[PDB]
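S.K.: Chain by chain, the residues run as shown.
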Amino acid sequence: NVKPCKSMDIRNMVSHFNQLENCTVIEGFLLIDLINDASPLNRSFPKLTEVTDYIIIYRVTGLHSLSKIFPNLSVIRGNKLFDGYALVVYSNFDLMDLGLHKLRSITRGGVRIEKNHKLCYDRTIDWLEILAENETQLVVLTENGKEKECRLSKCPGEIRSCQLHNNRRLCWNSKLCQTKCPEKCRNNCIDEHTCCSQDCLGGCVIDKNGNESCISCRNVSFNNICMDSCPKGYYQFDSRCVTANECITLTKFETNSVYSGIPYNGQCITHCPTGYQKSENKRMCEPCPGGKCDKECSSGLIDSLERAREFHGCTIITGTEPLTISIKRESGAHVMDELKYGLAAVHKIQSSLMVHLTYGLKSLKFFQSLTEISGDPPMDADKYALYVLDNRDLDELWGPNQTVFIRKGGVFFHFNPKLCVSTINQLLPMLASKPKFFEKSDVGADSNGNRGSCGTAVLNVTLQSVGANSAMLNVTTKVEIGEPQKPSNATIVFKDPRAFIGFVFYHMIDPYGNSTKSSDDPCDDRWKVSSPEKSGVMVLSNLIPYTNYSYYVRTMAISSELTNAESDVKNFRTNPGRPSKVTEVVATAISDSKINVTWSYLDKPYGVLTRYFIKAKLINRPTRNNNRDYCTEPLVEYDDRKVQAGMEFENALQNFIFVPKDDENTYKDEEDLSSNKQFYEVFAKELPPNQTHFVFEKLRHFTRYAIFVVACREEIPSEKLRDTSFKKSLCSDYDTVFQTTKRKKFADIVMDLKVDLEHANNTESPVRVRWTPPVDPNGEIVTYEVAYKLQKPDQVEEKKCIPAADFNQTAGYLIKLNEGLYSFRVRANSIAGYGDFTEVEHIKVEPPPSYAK
Amino acid sequence: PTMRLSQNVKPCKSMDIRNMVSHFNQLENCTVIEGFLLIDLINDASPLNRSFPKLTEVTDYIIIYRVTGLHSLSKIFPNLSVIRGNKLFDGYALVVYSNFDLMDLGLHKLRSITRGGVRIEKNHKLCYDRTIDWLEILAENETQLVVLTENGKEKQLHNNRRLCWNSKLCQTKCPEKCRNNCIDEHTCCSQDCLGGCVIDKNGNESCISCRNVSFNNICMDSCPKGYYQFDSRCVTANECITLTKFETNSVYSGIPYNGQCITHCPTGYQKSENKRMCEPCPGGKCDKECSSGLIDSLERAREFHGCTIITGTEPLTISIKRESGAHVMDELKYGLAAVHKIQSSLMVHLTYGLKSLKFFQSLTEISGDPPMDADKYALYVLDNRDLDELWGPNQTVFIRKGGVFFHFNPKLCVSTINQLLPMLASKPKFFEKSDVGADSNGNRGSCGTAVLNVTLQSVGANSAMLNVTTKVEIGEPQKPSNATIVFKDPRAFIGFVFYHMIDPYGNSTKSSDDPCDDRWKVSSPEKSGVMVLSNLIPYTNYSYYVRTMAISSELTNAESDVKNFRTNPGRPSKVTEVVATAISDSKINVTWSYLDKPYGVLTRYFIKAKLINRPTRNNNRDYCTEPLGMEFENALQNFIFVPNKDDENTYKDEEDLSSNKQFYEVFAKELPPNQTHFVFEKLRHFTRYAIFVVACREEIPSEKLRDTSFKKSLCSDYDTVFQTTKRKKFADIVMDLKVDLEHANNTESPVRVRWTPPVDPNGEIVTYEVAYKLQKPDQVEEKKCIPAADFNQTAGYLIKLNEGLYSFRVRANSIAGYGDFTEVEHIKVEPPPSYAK
Amino acid sequence: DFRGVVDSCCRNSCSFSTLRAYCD
Amino acid sequence: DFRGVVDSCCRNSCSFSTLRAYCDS
Amino acid sequence: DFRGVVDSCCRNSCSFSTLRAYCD
Amino acid sequence: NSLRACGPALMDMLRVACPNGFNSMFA
Amino acid sequence: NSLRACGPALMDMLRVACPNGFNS
Amino acid sequence: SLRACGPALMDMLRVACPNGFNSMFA
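Residue numbers (the entry's author numbering), protein chains in the order written: chain B, 335 to 494, 511 to 986, 1023 to 1046, 1118 to 1310; chain A, 328 to 482, 513 to 985, 1032 to 1047, 1118 to 1310; chain C, 1 to 24; chain G, 1 to 25; chain E, 1 to 24; chain D, 1 to 27; chain F, 1 to 24; chain H, 2 to 27.
Calculated directly from the structure, the hints in this document are not laboratory data. Treat each hint with caution, since some may be false.
[Said to hold, decoys possible] Interface residues of chain A toward chain G, partial, derived using beta-carbon atoms under 8 Å:
(1) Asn606
(2) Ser648
(3) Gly663
Just so you know, even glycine gets a beta-carbon here, dropped at the ideal spot from N, CA and C.
With the hints as constraints, model all of the structure from the sequences given.
M.R.: See below:
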């Protein structure tokens, strides 16, 4: 009837696919994984109707349809979700029919059918019917069809079976449309018209008569009885009920790790509830005996991070043989990350602890909760409880304020070249013997710390000057070079003047100032580092203005001098200097009178911007080569190796010898009207630095203006009175933008237009046209164009081009005409363009006189 | 036959010139110094009235120390021609230390420094010290032992180097046959001279110093009988017993013995009662006993010469801190080779330049009677930067008490320390883990090693295959022999690991165990020992090497040498700076450059131009109106993986003319590799060309045979530089312009205009513009625009005008822009009748 | 909290022998 | 042994009355 | 055959033994 | 040796890492 | 370490790993 | 008392004595 399977992990050897047979419920989840070619699947599994947990179909290839595998899938309950999803179908490049056609309920969580490049027909299902309604935010479908089609596939019945739905159709493929159940159904039934009884889930099947049975039934099942809840002594497990002892036969798989079923509260549960633990008879839950529950694990070698992971969530480490942290791989800084993951939860190493050959390991900080090493069977004939050998890079033991009581045996430390003896001597309060000291035989004094920065004193460094691009660092500490005077306040004394090579200054740009000193990892190269400077005054240089910098100092000495000192990291900031040029300055002509200038300060300010200074300078009017006449067209270490060699030679020598353009000064608000009071020749304004648009007014019609934009920052107190501001530099550089304003309408109208005959005796009538040159033109007049027309049809209007070089000296242009009444009108042409004519003037030209009447 | 020395020798003792300049009278008439010359702490040498041209040579060493007011050593030494170095100060023969006024060295006449080396240091004002070729003045192999530091440098010119003693004098070279013995850069001299020779006015020739010894000031390879050698010269016994050397803050008399004037009886002999002679030690061997103490220098190791027992509770501490240390082993031999046992511990700590304890040639026992360091240790060996082997081959050093301690000897591998196991009193199988640090020792030294040969099977352009042609055997299958290398356990050998990097100079040092020395790309292990590299850059020198990887239980190393190969040329990158500028209506100059890397040798460029069709005047433009996420993928993987333009076939010299033969439709030319410009000619006017420059590289035999199977190409990609040739002037001129009047009796005259459309305009004719001008004053030219197609098929147009003389002109407006106006046509239109007349 | 290649080798670096631990 | 200023002083921590022993002229 | 490499281990990564298996 | 592989570039490297398959949960 | 190349780089590496040649 | 070494010892001897500094053969 309802025979189950546990979880399944299907694999490319398709003989693994045969695991699905003769069980209708997967009692856990389905993974189908990396079948490189599923084509040899001759089988199908229509017996499979239900999965309790979730489906993953991941990178299956040689597979074309899920109907091929498990076509009768009717319910995925979601009694777990994978990351919130009950159905993941990911990157199945060959998957092309999502033929889950009988699928009715995904009772919890979301659906994610994506990257299946051949799976058309994904949005073509209204997944929201299949889910529970609360989950309808959790349907995700992407990359279903990068290049396969441009809407070329089609549903059943529709023209590019079922009615129209969502004003499209709902489609599993080109063949099948989404099964319904009535609105008062809820995906527990399997025809469009008449749902099953409401005790069912997914669907029901009706016998050859009319007896109706569930495919899956909702609240629980036992003996295939559709049930509200399991009877007393039957324990619920996701879908069916089980006997008490049967629960222990069950499993569920989590976090890549097995859990048994434990029968509690009338349920199988994979974990006892928080504050309870699995009983000793592995079949019942009990309270944590201490009120806290503590996973107990077995001691062994930890040769690799991939091994260290096995301890995750362990709290007690147990067994007759030492936990042995032996990360021989020079892995580097991630060693602490995986070790912290593996071991940070340990309370108690019963076995004693060994730390051997490990390269990457900086410290035992990763035992972030270790508080006892009970040493019930300590190493080397119970002699040592904590054995720390050959650890090249180990230089710290436990965390700050970390206590770890060691009950039995001593501690053995050798060949840890960076582990300072004075750090090992922090364990003295921690042994049960509370011993006064460690013997040479336990803690080798020459074997530990012979390259640690041990006994480091503290230097005080002060920023004695600053620039925009430089700084002076002075080491204020009385570092005494050569032996002291006894009363001296000598903080550190280098007993040999030449053992001290110099101070080394470290600095970096660090806006937050939360940086910390460089570790000994040469890949930790966050810091610029000076040559050693023996004066202790270093003028840092080429700094970025107004930038938060951090710096620190250490003394550098030959490898065999144990005196050393080192500052904390100190923070400072450079002066703001000169703010960068303003950007995007564009000038657009509005009219003959107005300009809109747009800009935005993209490059960074230094300090705080205080003003944008806008200045417009009127360029001279244009002028053009009238000799190139254009009536035709006016229109518009060795620090050790060589030093030590020097030391011992000089010692040997001495033993032998002695045997008994507008400078920003000018940036000020201005108005400079021209003499006519009509327009500006200069305009300037110190706009608020919040504004990046400016509108000019009363500009001279048709002229080019140069436009600055300048961003300025506040002056520093030392500048405004100690520099006397003479270095200035408060204000940016600028680029001269230009714009030409616009032509003033009708400004080129010739005024006072008059036309008359001269009275001198003539045969061809001397018509004189007079005017005054335009009083305020759009720039220099090229020519006047006079247009005149005899006032009848079939006449073209004549035009003459008269250079402006003629009209004043003529004081009136003279034209010859004969009998007729003529239109006259005139316009000037500027080098800006043709003007607009006057209204038409008229003249009656009288006829050539005659006397033969 | 034989030659005299130059001049005649007056000998002088081992002078010390101290504090007062009047002490320089000690050099007065000294020809040679029969020991060292020490000049020091003259706090102002400017009062120096004399230079001393007679000091031809010094037998031992020169020390100039803290002297000031002295501007050049030539002001003392005109002719210091050789330092012989029969003794050496710490191994140096010349020391010039902290002489604050010694701005010039001036030893122009110095021709040989015959042993040891030179240390010139802290002369903050000295200059040009850096220039002299000390490796050419020195002895043949001591080239490590010249040191030049803290000299100011004012911060033939043989083989382009300024070997000159400051401004005036340049240091002579000598030719190969007479290094350090030429009189000038031309003139070698007889081998019995050293430090050069003088040739007199006549051609008689005299050595400045004898290459061995002299008698009667005549150079000879050995003394006459009845006399004893004494560094520079032979002496009688009665001289030798009075002659002296100063050593160990002590004066020693000469002993005339065995042909030499020896300050110390040789091994197995001891001084006679009168000191005039040597006689055998009691039983033929002596038993000198010496106190243990810190050997800080070779000059202090001298103090042990002839010791044989080292005694007393202090540990004998070798702590020599020389660098490179060409002399370290020799002077340590002189010091302690005669030591046969050490009563205390031996300690060798913070040494530099000390290669090995092989100088303990006679050492047989470390009695350790009082040990050291909580009395735990007897042979204590810490922080030696150069120590890499202990005792001589088959030498034994029995240790009676305590252990060894070995730490931080980076170049001494544990296999070498383990040779001491058969020498401890306990004869243990191993050291205790407090006593030899497994990672501290030998982590920079070639440990238990055998060489792998690597053979490069094939070079490709982007790939190469390396095969480890040295064998490996795993276990003892069939009881192997001559395996070259063996791994005892099949688990232990993880495989060969292949290293490579781009290395143009082919000299990169192997990958260090520094965590951020990642110059080398490194493979994963490959048990077959064959690997195919990929993503190589062509024509690039790649260095590579191999090592065996084994689990940490296995000490068996094996590494190849660094070797090198160059990838094959492959394919050149695109040309650069290719821009085409029209010079004339038919000519384009094309720039280019080849600043990207060629991946081989470029043989020739190929430059081609393709004519393109003239533009089309679209119906859309009005002719006269518009004139011219991953988080889920990561999560899902974690859950699943449970741990357990046309191609070179078109490129050829090619030429193809228009159907009218007037212009090239295609032109292409192959050019010398130095040619980086070309001018096309006889191009069509105002017409677009595509242009490309494609470089081609040197074809290689295997590449052209290989190419037969996979059709590669030798030549770079296109970057077609589309642009147009210039406008041909005049071409758009309307021609055969005619205007006529039809006799249709209209009230205004139907003027007819006609012309020939242009022969070959600059592209398509868009419109014709007709212009007319009444030839009165008071008139201007007026313009009518007509679509081109409306005229062409009509071959005429009718304009209506009233009476007068009209000029007429026409021009085309092609897409190239307005053409020239025609020559001015005319019409003399006449008035219509008035019927009252 | 998983053992698997997506933080063995994607969130940081790894050696190829770690990938070989997943093979069958 | 001990025959020089760098043994007597320096690592031998001489008194000034010893240091003058080299100057006595 | 170029068929076999373009079809397999160009859209995938070849092992060394895989690539060697296309040699004759 | 600088794997750094992610996503499909990691899947294509795990399948580069063995000819046989991988998955062996509860097996 | 898994190889990856396509087109002419693939042919170049097949000509690399196959000094005794490969069928076209 | 005093522990001058190297240049410190050169400086103490050279400063803290007269023009007398004689040693060998004297």
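S.K.: Could you run down the list of hints and mark each one as holding or not?
M.R.: So, going through the hints one by one against the coordinates:
1. At its closest, the beta carbon of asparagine 606 of chain A sits 5 Å from a beta carbon of chain G; the interface hint therefore holds under the 8 Å criterion.
2. Evaluation of the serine 648 of chain A hint against chain G yields a held restraint, the C-beta minimum of about 7 Å falling below 8 Å.
3. Hint status for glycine 663 of chain A: violated, given a least beta-carbon distance of 16 Å to chain G, over 8 Å.
Hint violations for this structure: number 3 only, all remaining hints satisfied.
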